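Okay, here we've got a single chain as structure tokens, the form deposited in one PDB entry, with questions on binding and movement later.
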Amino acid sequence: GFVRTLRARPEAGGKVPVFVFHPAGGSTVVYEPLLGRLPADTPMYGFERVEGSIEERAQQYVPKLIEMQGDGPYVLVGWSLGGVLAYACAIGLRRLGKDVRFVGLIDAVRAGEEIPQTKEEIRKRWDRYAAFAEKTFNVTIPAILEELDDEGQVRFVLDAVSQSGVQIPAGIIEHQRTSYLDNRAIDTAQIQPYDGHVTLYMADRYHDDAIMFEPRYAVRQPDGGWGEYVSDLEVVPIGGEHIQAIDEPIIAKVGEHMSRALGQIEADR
């Protein structure tokens, strides 16, 4: 399946499980530091990669979420891509009349300026990713005319790396491939409004490689773009860079706040 047990719930009773969603190019094992900062015996299950648009991924996740937790309450948490997935699941659960009590977005932040949706921006986008690959693997990707699938675009870059002579591990290449595709899913997402409570854990800025990939991550709005879609939004400053938000020491601030939120939920069952 696509569900990873990070801490199993007791056979009966116990606390409300926390559902976490994978980041681009990684597994839900990244949430182990967070789990360390949550109360003892807090169950946590991780939702791993599935294919399609954000909406289509949520369509696969939501039935499984319901199978596991039923009417609720639902606690949905995600860093980076995982935050977008958690949000989409929040929409789906809410449409099915489920009790969603917490949505935790760990620095899942929209580009601070409008991204052009033109033919020319497709070329520029690709060029930036190629430049990222070049620096990452110290190789020269040849010039790419390129009207083909997202899969085909990343494959051109990664095929160029392997054919260059250099020997990158297969796992590193594969994570690079899925990372690219997941980020494409983010940018083609059609984000819907949500009337529930959303907690945005807000870092200071995006890391350099994110900005290299998409320049408009250089700027971010105070609300991370979510205010438009969420009338009940709580922004919690955590400082640091996007990439550091998931680890110690920054994750302590997330876990402290989240622990109090979970405490309140337990008092209403």
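Heads up, when I say rigid core I mean the largest set of C-alphas that superpose within 1.5 Å between the two forms. Residue numbers count along the first chain shown, from 1. First, how it differs from the form deposited in another entry.
- The residue that stands out in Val157, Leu181, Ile91, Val100 is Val157, the single one whose Cα moves by 2 angstroms or more between the two forms on a rigid core fit.
- Remark: with the core as the superposition reference, the CA shift of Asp71 between the two forms stays below 2 Å.
- Relative to the superposed core, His197 undergoes a C-alpha shift smaller than 2 Å between the two forms.
- When two forms of a protein are overlaid on their rigid core, residues whose CA moves 2 Å or more are considered shifted, and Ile122 is not one of them between the two forms.
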Second form
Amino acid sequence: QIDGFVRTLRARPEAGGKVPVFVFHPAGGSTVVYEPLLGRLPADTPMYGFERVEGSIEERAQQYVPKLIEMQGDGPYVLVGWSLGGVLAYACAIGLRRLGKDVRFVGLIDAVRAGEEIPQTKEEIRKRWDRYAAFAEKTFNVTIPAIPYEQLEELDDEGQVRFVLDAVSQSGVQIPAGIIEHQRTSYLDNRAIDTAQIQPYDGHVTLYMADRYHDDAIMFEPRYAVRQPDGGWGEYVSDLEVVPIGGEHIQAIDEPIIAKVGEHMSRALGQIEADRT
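Now show the form deposited in another entry, given that the preceding structure was the form deposited in one PDB entry.
Next comes a single chain, given without company.
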């Protein structure tokens, strides 16, 4: 069932059968979160989940794309993801199209840009860690000293957290390694998105659009408090369809909202299958 970074959610038949749906993991979760979507798709639809790898968004796609091709050849490709998953799905669509492959569906489940770009500057790193430290004071009922900004501001997101965690440890707080790994992994995967180099795409994209980001996403990054009607995709995708679903980003992957996603995606898959004839 787990082979490297590919999880089999529903195996395709030994030969022929329906076009598989490739789903991509969200930050801090695995592709098991697509089980409710799978239940709202047509019977016998195969589904494979791509789990986390390292690198920039671009680098991650360079690892996925050869694997996609080993599995599915020239196409057709159906690529779906919620949250960071949607960004990874799109980046895969881009890589596959560069190689001449047939991409027929790109389904983005509330994968919505920050309402303003996230500056990649020393000043923003300072302001971000001052916010985080303020929340940590309240929560851990503790006084945080002067931040060693000169050191943090030269590191990448991984290095910044590694520095903060080494400081927390020789502060005298010992965190269970599984909580560290989970928190660190989630944080860095969500930060990867901020510097995704989005390329134009020539095919059809379907954006399932919730009303707003949830509170934990806004705590993470305050610029998620505002969103545009096109989720930031309009300049890159001329053939863009938006399917409003309401609710919050965190709800979009679960029952009951996922039924709306599934009903729509089911018709799109049905159209792809009939076309294949």
